[PDB]
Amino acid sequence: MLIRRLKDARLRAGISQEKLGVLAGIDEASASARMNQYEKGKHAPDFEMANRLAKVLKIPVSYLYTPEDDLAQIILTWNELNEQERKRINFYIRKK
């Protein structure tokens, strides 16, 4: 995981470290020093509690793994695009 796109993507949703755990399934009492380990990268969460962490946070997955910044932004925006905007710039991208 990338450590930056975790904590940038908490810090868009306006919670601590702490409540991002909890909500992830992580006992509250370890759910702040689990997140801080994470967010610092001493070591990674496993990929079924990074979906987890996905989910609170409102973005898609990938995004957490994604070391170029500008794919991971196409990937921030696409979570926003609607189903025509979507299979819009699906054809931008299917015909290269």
Second form
There are 2 protein chains.
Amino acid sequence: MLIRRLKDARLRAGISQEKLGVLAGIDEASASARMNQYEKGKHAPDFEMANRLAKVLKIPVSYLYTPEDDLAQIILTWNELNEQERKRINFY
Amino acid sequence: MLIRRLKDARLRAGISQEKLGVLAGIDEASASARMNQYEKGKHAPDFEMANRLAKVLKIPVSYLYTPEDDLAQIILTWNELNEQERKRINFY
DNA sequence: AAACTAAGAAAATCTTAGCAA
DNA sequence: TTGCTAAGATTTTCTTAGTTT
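Starting from the form solved without the DNA shown above, please give the structure in the form solved in complex with the DNA.
In what comes next, the whole complex appears, and the chain from above leads the way.
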């Protein structure tokens, strides 16, 4: 899990670390700490948690696991394309 | 990590679970077991290991973390494109 | 040969109780 | 308010020693 990806996505979502945690289902008593540990790279979330974070952040989960900046941008762009626009890439 | 992504990529590489493990730097004494645990979804590898696996399998690491079949295919295709080709999608 | 598994050892994360910016 | 951290409690993976396909 790439800490820069998590942080960038969180800041674009405009929410605090704690709020991101709460919305992803982490107990209010541990949300701030846990989300900070993830963003600072102290501990890694499991894939199930990453999926819940991605849901809150409105991103595809694999964005958080893509080190290649150009591919990560593609993933975010693809995310916002409608199903007809995706067909155009699919054929491509 | 998505066990089907790992299996599909390994089978395309034409290598055993053990061989994949050995090539990815897992000790010869535990490669078979660990690789199997990952592919069967018994335990998840950490991201560092996933990166080592992806290098052996000649895939971008985020393929292993992409649940969306259509995006996963984009990632696979993108992996094989040269610079000039990646430039034209980045535009598109 | 390759795939697979149990169980104890080992190492990781999670919760708690805060402090710092 | 938000970001951040230590450390013990908790939960996970890893190694070993195999059996199964």
